[PDB]
Each structure stands twice: as structure tokens, then as C-alpha cells.
Amino acid sequence: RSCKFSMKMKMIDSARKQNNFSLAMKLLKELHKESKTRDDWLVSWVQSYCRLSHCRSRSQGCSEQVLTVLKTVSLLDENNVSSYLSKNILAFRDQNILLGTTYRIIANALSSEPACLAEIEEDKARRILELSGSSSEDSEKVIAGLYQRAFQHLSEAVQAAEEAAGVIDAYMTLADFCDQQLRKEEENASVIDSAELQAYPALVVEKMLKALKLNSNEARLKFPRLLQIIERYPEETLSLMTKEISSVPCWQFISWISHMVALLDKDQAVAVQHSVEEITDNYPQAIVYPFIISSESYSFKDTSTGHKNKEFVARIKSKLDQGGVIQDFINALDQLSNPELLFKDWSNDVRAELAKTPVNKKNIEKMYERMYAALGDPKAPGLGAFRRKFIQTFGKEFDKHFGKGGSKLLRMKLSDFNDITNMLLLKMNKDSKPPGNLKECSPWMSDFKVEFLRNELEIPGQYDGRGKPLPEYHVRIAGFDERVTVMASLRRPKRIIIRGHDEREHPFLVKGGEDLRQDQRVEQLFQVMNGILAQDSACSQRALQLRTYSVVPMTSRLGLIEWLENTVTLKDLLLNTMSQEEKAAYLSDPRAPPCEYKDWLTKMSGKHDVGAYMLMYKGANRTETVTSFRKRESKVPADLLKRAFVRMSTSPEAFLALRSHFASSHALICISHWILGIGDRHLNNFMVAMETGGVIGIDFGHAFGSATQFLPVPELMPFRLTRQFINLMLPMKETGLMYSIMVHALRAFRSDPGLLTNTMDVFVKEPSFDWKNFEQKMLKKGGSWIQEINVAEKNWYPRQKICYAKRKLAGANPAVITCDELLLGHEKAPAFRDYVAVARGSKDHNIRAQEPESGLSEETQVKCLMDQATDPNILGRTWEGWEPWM
Amino acid sequence: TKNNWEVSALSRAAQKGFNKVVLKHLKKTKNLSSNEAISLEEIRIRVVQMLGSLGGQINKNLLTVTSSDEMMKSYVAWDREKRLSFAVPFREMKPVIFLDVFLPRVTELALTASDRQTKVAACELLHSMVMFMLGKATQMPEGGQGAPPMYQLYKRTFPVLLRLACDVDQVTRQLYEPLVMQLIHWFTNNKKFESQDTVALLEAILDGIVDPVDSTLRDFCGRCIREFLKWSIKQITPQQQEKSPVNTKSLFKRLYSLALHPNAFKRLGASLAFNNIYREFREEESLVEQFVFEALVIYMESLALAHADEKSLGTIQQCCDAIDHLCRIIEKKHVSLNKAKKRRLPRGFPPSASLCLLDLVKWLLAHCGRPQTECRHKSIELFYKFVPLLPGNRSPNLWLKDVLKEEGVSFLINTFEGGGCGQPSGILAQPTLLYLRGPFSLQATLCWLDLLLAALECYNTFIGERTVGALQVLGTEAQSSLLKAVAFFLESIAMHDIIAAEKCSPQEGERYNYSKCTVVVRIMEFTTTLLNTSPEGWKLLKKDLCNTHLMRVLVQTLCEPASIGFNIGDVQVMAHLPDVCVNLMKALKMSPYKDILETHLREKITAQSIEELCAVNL
Ligand SMILES: Nc1ncnc2c1ncn2[C@@H]1O[C@H](COP(=O)(O)OP(=O)(O)OP(=O)(O)O)[C@@H](O)[C@H]1O
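Taken in sequence, the protein lines are chains A and B. Mind the numbering: the first sequence is residues 3232 to 3394, 3406 to 4128 in the entry's author numbering, read in order. Mind the numbering: the second sequence is residues 809 to 1312, 1323 to 1436 in the entry's author numbering, read in order.
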């Protein structure tokens, strides 16, 4: 009989885990009799019932969630304490954490809609009021008393939990409840409430770090909340966080090692210093490149505190770089840039410097020194058979056309500096050659020769930060290849190969010209994203994960991208699929869509340039755009992706598996790029793994919403859902698998909204170069928002980007976020009203227009967000390079 | 396997009725009951019963595709285009079937079948399909499109052939052991040596040797690398050697990369590789000179890496044999191996343009005191074998005397007590324990006991083999710390200090006790070397070595050696303990310590003890 009882209890646990509550309720209903025969069986029964009722009260709304959980308090402050809840400490821990979650569920049911308390039943409403202990209120203290009951039971659970895998969960549930209680008061203006929540941050920080010491992923993804909570509660939690980090093992911060070395200047860099100095001790190859990028902006703010931080940064610099081999590698990668691009960036940044009054020579010397160290003085730190050919034909046009730097150029002359700079640039774009082998490109990497004595360089991108690193297995640089191909792409990066010590080729992409920290923070957000999906059950069933690569920013204007192997771009997959007549009639036909779009733009505008767009926005109605987009889109061949997947798969089983994996991965990256709004999603920014079929998204240059702010033509679609995707799913449509994967992913993201918007603190703490440049190009014009947001408050621009991201992940119309971005960036354009009247819909022919501005639901959001992305009115007016017909 | 009732003497008897002759036949055939072995059908039933009795959660590990990348990496074709078209000759039609679609089923059916008729049929079909693949590759129009590039099919077919050629079945081994060798003979021809397919075959062999399951597969791909070398330095022209991606320089480079790998199977694979190619290495002279020093330092460092592994993998047993082969190579060509050419510089050396046998003898002498055991013994043995064949052919007694005088006495003590050359570690900096900078973890204690063993083995070998007299090194003229280390160990570690008195798991107690008992035995051998080798200088070993602590340890390992921590499960150490105890007690007879030994044995071995043992019932 005891065996039959235990087997039925395990079946009930499995039925609860598989969301079979209607079966588990019957199987547990017929064990209520036998459970009373013993005390063990009664405790295990009521814990099974209470846990089943907690899992049951998620789909039910308020006034049906509180009913389902209210029957489980009526039998838990009852008996079984008689010699059994005193003998078993684990049953006491489970008992307390179950009753704490019970009171938490009631208090959170009575808080979003606190007009439901007497809207259930009077006996049960009096049961609520007598459970809290506070009396004779309507809604003012019953919720606070239930909160105090939940906190009391969870604290008893932690005290009974300290005597892993069993204590981690009580730790995390208490810290999660207390962090939610700390987050609930950010939008209420009260000091009584702050005075009763002030005991919480210590019991957040200490318990979360004591969970992280027991090898927990769920505490490791909640570390930017710890680094954020000191900015809000510094005097009760900074020394506690300082002493509680020090027992945590050495390696659980290597993923967060770009938050730490950028927080290493602020007035909270005392709780981070032991971990930074010991990572510098143990693994002086993880922290080096973030230190070299972070050390260019620190601004130590002379006080009695800041000298310690100056000396700490100096000692970290002394502990790293140990022979200059990393700095030599950086300076040897800086040689394989086209100098014409560096000249272009120098001229643009000088023009941005001179376009502001009261322009001084206090900060023009700092720009002339680097361009003279790079594109001036020939006796350099190092160069090769390309830079000397550059310099001995163009440096003599610098010492007379400007002359000496800070003694002749310092006139204002923005009309005349632009004259001479253009007059040199028009000859500088007519002598550049694609540089050949590495014997002419950088004569350090060619004869690298590892054996100096012992200066070992790892290949960057490693140290994922999810376990003990074991740095012996990491492949180290033992040579370079003698091939570099330069890809044109309007900006020219270089594909090199780092020959490892295991006699293998490791291709990397070296791009110079732009700051690359934004790619790195986007990939860090993707790593947080597919750690969020891995703990959500509906996404861990389908195994939804985002394919991330490693981006290593070394300095500004220098970074390394990992080059993934045996992938092709999406446009190459779609052009190799076509036959000889299809490719010919697509690249060369007056009636092909690449030419017909330009002809139709000229027939709707009269102009040939980028102005043809802004004259066809206001100039064209819906129908002339929609029917011409359909007539354009009916010209390309229909089933290209189906043809590629039939050509690459063995059988019908393999074709269904490859098509489901392609559609599932692309539907995951659509919602993932929309959450942190990425643009420039043309077909050369998607890569497909040719061995697995999955899609990889690259190039996060327009990372937060900026393709619809800082562009001469705005991008109004949230992601890429053109015709060649939705004809892969035929005979069915996009409303099946792609929609359902998007619902599950967006629901997991909106389950815990805190993690993604707490990871983004690095965007406002250490802002990149392109975000300060976008801040100055946004502060130039000024529009409606200037009388609404404070410009003298903070850096304020990544705070606004986090406000948009948090706002759309709180439930928001994607039509609203897009027109808000057009309002924020495209004021005083002639066609701004048409921009909003396109990006908002048409009220009878769309679903994104007859929806509320916010408060939106889970399925409704993606239902009005797929409407925007495949809309012929929007897709008929998009940049020609995007190719919205494909 | 339907075996019904045939025409037996039971059926023809039972066809006429049910009578006593059928009873006689049943008591014969039914009651044979001698024995019968287990068949394949009973095994298949037991495998289903095993999979049912593991459960349901353990159960679905037979379908080990639970990672999503190994899910989706099994749905793509082996090559995108269909190669191996076959026009089936009927009389009038010749339709085309593509044999690419049969390859993944036939390969797994030839590897894992359990049915010998299915397995033999699959092996024959795979053989003829590989022949079809080699024929269809060399077709008549052009190498680009008139010859299909079937690199993608070769890349997945070659490991199957490598496993089939070491298969335990007799027929498939007779079938695929010649096919692999014929295939290496063809792919190391002049016609297809710069190809990408011979790179695929070489990569398949070098991924065969590192395989962490099948030892037979590693043993066979060693012969495959040997055949690759033997037919790649013969069929081709000698100047086209050093222009191929698969030449012997790049092969040896990839061998060294395998040899210094942290994973034990890759080092074991590189060791097997040299153990199979040492003949064709030693019989080529413009290759052996530049590479023998580099290869010896690589394999010595691989053996030093093989110290911290698990002692059923046998990386030590292969790596020492590889080192012995390089040794004997150096022996046969030593008359030219002590010129001063510019060889390929071994890693870790300071840079030079001359490479002789002399600085290699200096290197081995520098690494005599390293902590890692078998590398230390091999370094010492190689030094003692490389001295007499040099300029002048001096003994080590002369050579080390000269090097000792022209560099100082404490140079030798720094090589011995200073543990290894790439660190300033050793028992110079830690004579006692008393400090290790931490909470006294167990990997630190083994490191110190192992450093004590290193310095002890160095001193014992150099004093016992008459190269250096004991009086000049153990006297105080350069301030060694060995006798202080020995004194500390016998004082407070040797007797009882298992995990209890070394902090001032039960499974970690044995890994301690092995390293403690080996240094007890090595202390005793060092003492006997002192008392037999220097019958003038026993005065130095008075305050530390030969005292009541050594005699208490000696009478304890004499009478009850389990109490010190020796395990009786070993038999070599327990058979060796008689010899070291008798040699120490025999060397303690021609010494003034004879009396203290006799009073230590007189306390523990008496006549009253023998009367007390036998007064009990036995
Ligand atoms: N992570 C990567 N893995 C493999 N290939 C890449 C990767 N990133 C870029 N590439 C290759 O490099 C080329 C350009 O890359 P990318 O788009 O990132 O730089 P870019 O073109 O300067 O940026 P943008 O697309 O904004 O112009 C592409 O054609 C692509 O094939």
C-alpha cells in the first residue's frame, strides 16, 4: 500500500509538470482518504495539492487566481506540526516556501486589479481580511499585510534552508520576491513604503551572492541588478556587497567583465575591485581587451576616494600587457585598414569639432596628434609596403596644405577647410589598391613567430563565462596566413586567418573605422536572451536558442569579428538557387524589380536621388503603392527557399525538419531583433548555416532604434518577413509556426521584464562613440520632446533607449513605438505626416490601427506586429538596397 | 532463423501413434540437458529487457541525438549535388539511380549489424561502391566538371573504411585491410598528391589515432601513417616534397601539436604515431638532423605532461618508448649529431644558431630535478647515455667535475633541489612544509612530496653512480636543504601523518599514502647509497638522517608495514620491501649506528613477543 501510494504521488508530480492539472486533480482527489492514515502521507499530499494549485493559478485571471489559491491556506496552518514538521527540516522548508508563494499569489492578485476583493464572495473576502491581520481598510493595508506574511514565511524558509540544489531555490525565491518589492516602489511617491522596504536590499544582495557561490545560472543572470542596486541603495549595501563578492569563485564574472571594468571609474568601484584584480591574476587574457577599450575614458573626479581608483587602474595596467605583445597585436591589426577611410573619419570628426562654438586648441591638438602619428610621421611604431606607399605620396600634401597642425589649421574656415579636404579626398579616392598578401600589409603578422621567448597570445573571443575556464584548452596564436581578401560593402573590412597552435585555420574579420562595443553589448543581450528562453518550459521544449558569435572590440576603430564557417548569406542562398534565366532576368531586365523600383520612384517623384523617396511619400496614396508593390513582387521566382531546402535535404523527413528549423529560428530572431530594435535587415545581413539550416543574424550596427531616426529614408518595418519567407511555409501561412514561436518567445521575454532592461545599464554607464555622436546629432535640431525630457539631467540618451525597450516589452503597439521614433528623429521633414500615416496603418485594412496605444496583450502584440512587417503600403516605400520584394 | 521440426526420429515415430517409442525418443532428445550457449536471439531479447529495466529516463539515451546541433547536423545530405549516378542496364531503358542515397545506410549496416549475412552483404556493397566512387572521380572530360569533386563523400567515407579495416570479423578485415593500403598507395601517387582528398584522408587517419574508445583503431591508423610516409616519400619526386600541405615537415608539426595537447588521447596518439614511423624517420638523413632534437624535447615534454593523468590510459608506456626510439636514433648518428649545424630550434631553448649534442646534454642535466617522475627518470637515463659519446669521450665523473668547477658547486645543487628549470620551485624554497600559502590543500602536499622525491632521486643517482662523491655536495659548502627536508619528513610526516597529521575523503588517503610510501622507500635507498658509497663521511647524516626517526620508520616497515601506509594490494612494492629493508639493515652493520639499530630491533622483536604470540591458540 505504501508502494502504491508513492507511485501515484510521483505520477501526480509528472502530471503537474506537464500541465495536466485536470488529471492530476483526479489522481490526487482519490488519494485524499489514504493520506490521512499517516502524517508523512498527509504532508506530502497537501504539498502536492498546494503546488498543483500554484501551477493551476497562472492561466486564470484575477477573481479566479485568488479562488484557486485561497483553498490552500485553509489546511496549512492546521496540524502535522506534531513531531513531524519539527523532525523534518526539509518538509518545514517546503511548507514555508509553499505558504509564502500562496500569500504572494494572493497579494499580487489583489494588486493589479484591487477592485476584485469583495467582487468574489463575502465569506471569502472576510477570509482575506482576517488572513492579513490588518483590519478596517479597503485596499491600503491588507495587501501590505499579505506581503508581510509572504516575506515572513520566505524568511523562515531561508532560515530552515541554511541546513546544493535545495537551498538555491529558497535563496532565489526570497531574493526574487524582495527585488520585486524593491522594484514596485519606483513609480510610487511614498516614504512610509520606502521605510518599510529599506530592510530589503541587504537581503537581496547577500542572498543572491550566496546563491551565486553555489554555482547558479539564475543568480548569474541577475548580476546587473546587483550592480544597479548600489546606485540606489549605497550606504546599507556597498560594504556588504564588497565582502559578499569575495567568497564567490573566481570565474562567475567573466561574462560580466565589461560591466565591471567600465564601472571601475564610478564612485561604486570598491565592490568590484577584488574580482577585477583576481581575474587579472588568474586569467590575464579575458580582461585585457575590455581594459584597453575601457581605459580611454575614465574621468576620475579628484576627491579623497578617487586616488585609490586611479592607483587601482594603474596597478591593473601594470599587471596586464606584460611585454607589450597585446598592444603590438593591436597596433599590427591597425595597419590593415585603408588609410583613406581613416582620413574620412578624421575629417568628419574634425568637422564635428569645428561645427561647435567656442572651438579651442585645447582639444584640436588631441585630434591632430593621432592623425600625425598614423597618417603623418613615417618613422612610425610599425608599417609595411602599403602605408609607406601612401605616406611618401600624400604626407607632403599635409605639411603645406595644413602645415604643422596646431599653428596653422586653427582658423575657423569651415567653408575653406572643407574645400581643401575635399580637394585632397577627390585624389585620395583614386589611388587606393586592394592590398595583397600580408608581406605588404603588416610585417609583424607575417613573420609573427610565436617563439620570441614565451609571449603567448590566445585567439580572442573565448572565455564564455559559464564554468571553470581551464585555460590550457584554449587555442593560442601560432602564426598567420598569407591571404587577406577585402570585401567592398561601402566600408571595407578584411578577412584574415589566425593559424592556431593545433594546426588549424581560424578565420576572423578585422574591421577598422567604427567602435564595436555596440555589437558586443547586443551579443551579450542575445546571450541573456537565450539564457532566458532555456529556463522557460515552452521554449525549452522547442529548444529555441539564438546563434551568437564572439565580438572582441580591441580599441575604438579596431575590432575582431568571429567568422562563422560553412554559412552563406541569405542573398547568396537565394541567388545560387536561381537558374540562368532567372538570375539574368533579375540582375538585368528593365522590367526586373531592381530597376522597376527606381523607374517607379522617378515616375512618382521626378527626381533621381534619395529625395525621390521623400517626394513619393507625400505624393502617393495607398493603392498606387500597393498594386505596384504586388506587380513588382510577382516578378521574382516564387519558391526559392523551398528549392534550396529540397536541394540540400535527403528525404521528406529531412525537408520538414530543415524547414521547421529555418522558420523557427528566423521567427525567434524576428522577435529578438524587435525587442532591442535592430534595423538594416537586408539579405546580406542574414546568414544561414548550411549544415543545420538555421538562421544567424549579423551586423548589429543600427542596434537600438536608429534606422528610423538617423537615416535619409526611414525603415518602418520591425523585422524581415518578405515574400520568400512566407512562401516557404506554403500551403500554410505565417499564422502557424512562425506566429506561435513568436508568441512563445515574446511571452518568455515579457515573463521577467527585468533581465533585459537591467543588462542594458552598460549602455548608459559607458556609452559608445556612436551613441554620443547620435546624442550630439540629436541635440542639434530639437523638436517636441525638448519641453518634455531633461537634457541637463544625465547622458539621457541610452536612458531613453532603455525607456523605449522597456516600454515595448511592457506591452505596446509597435505602430506607436515606430511613429514615436519618427517623431524623435524626423521632425521638420516635409513628409513627416505621411511617415506617421504610413507607419500607423489604415484603420480598416490593418490590425495595428484598431488596437490600444498600450496595455497590449501577448498574442495581440505579435498579431499587430506581423501586420506591420508584411504590409504592401510600407514595403512599397523602403530603401532600394533592402530589396523588399525578395 | 525459422528452425521447425525437420524429419527426425521423433516425427516419423510419432506419426504412427502415441506409444512407448515416442516416450523413449522424448526421454532421449528432450532429456539430453547437457548445456547450450547463448544465441543472438536470446541476446536481443535480453537487450530489450535491459532497455526496459533501465527505466524511461535512462532509456532514451540509445537515441543520443539530444543536442539540437547534432539533431540538425543529421538531416543534410552528405553532398548537395548527387554524385555517383548509375545507369542500370536493362535491355532498352538504362534508368539512373544515384548511389549517394544508399551510402549512409550501408555504412552503418556494415559497421554495426550483429547479423553476419547482412554485415557481409553490406561490406561487399560498400566495397564495390567505393570502387565506383574512385572510378567516377577520374572520368574523361575535365577535372573541374567532367570529373565530379567528391571531397564531401570522401570526408565521410574514409573513417568508415578505417573502422572496417580493424573490424573483429575475419571476412571484413580481409576485405578492407588491403583496401585502405591500396587507397593510400593511390592517394600518395603523383597524380593525386596535391589534392584536397589526400588532405581528407590524412585528416581521417590523424582523427583515427586520437579516438578515445577503440584501441584497435588507434593501432591500425598508426600503420596507416607509416604507410602514408613510406609511399609519399617514394612515389613522388624529391623537390616536390616541400611544396605540399601534407609533407613530412607539416606532418611532424601536426604530430608535435598533438603531442603537447592537454587531452590525454591526443598525446597518446602522437606517441603511437612516432612509435610507428620511427623507422622511416631514422632512414632519411636530411630530415633526421634538423628534427631529432626538436622531436626529443617535444616528446620529453609530452611525457612530463603525462604525469597528472589516470594510470590506465598508458600514455607513459607509449611516450617512454617513443623517447627510447629517439634516443637510439641519436646513438647511431652521434658522430654527426655533435657538429654545430643550424637545426630546427626546440621550444623553450634560448635562441641560438648552433645546435650540438652538448647543450642538449646540458638541457637534460638542467631538467634532472623535475617533479614529474617518469620524465625525470628518462632525463637522467638519457644524460648518462649521452655523456660517453661526445668530444673526448669522457666519463660523467670527469665531465661533471669540469662543468662543476667552471660554474660553481651550488649550480648542481640548484639543478637538484630546484624543482625543474622553468620555475624557481623545489625544496630549496621549501625544505620543510610549514608554509605552502594556503589552507593546506592536498594537491599542494603531493607537489611537495613529489619535489622531495625529485631531489632525493637526483642525489641518490648521482652519488651511487660514482659521477659525484657524496662528501662535496652534502657538506655545507653550498647550503643545500635536502637533509633538512628528509629530517622533516621522517620527523613529522613519515610515520603516521596520513590526512590527520598532514593538515597541521577516505579515497584521497590512498593517493597520499602511495606518494608517502614511495618516498619512504627512496629515503631508505638513499641512506644505503650513502653508507655503501662513502665509507668515510657518515658524520654528516647524524643530526638528521640516521637517528631514532629513521630507525623507528625502519622497524615499522620491517614488522608491520601497513601502519606506515603501505598497501598489501600492491605486490611489487611489497616484494621490494624485503630488498630495501635487508640492504639498509646490512649497510647499517658496517657503521657506528649498529648499536642503535640493535636496540631499536630489540624493543620490537623479543623472545617474550614470540612466547606471547604462540601462547595463544593458533
Ligand atoms: N559574424 C560573421 N560571420 C561570418 N561572416 C561575416 C560575419 N560578419 C560579417 N560577415 C561577412 O562580412 C560581410 C560584411 O559584414 P558586416 O555586414 O558585419 O559588415 P558591414 O558590411 O561593414 O556592415 P553593414 O552591413 O552595416 O554595411 C558580409 O558579406 C558577411 O558575409
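Keep in mind that the hints were calculated from the coordinates and are not lab data. Backbone N, C-alpha and C define an ideal beta-carbon position, used for all residues, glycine too. Check the hints yourself; a few may be wrong.
Quick look at which bits of chain B chain A covers, simulated, 3 or more residues with Cβ under 8 Å [what the hints assert, rightly or not]:
(1) 878-890
(2) 918-928
BS3-like mimics (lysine-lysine), calculated; alpha carbons at most 25 Å apart, straight line [what the hints assert, rightly or not]:
(3) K1057(B) x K3681(A)
(4) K3873(A) x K3884(A)
(5) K3845(A) x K3873(A)
(6) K3241(A) x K868(B)
Legend entry - Hint check against the structure, violated hint numbers in rising order: Of the numbered hints given earlier, the structure breaks just one, which is hint 2.
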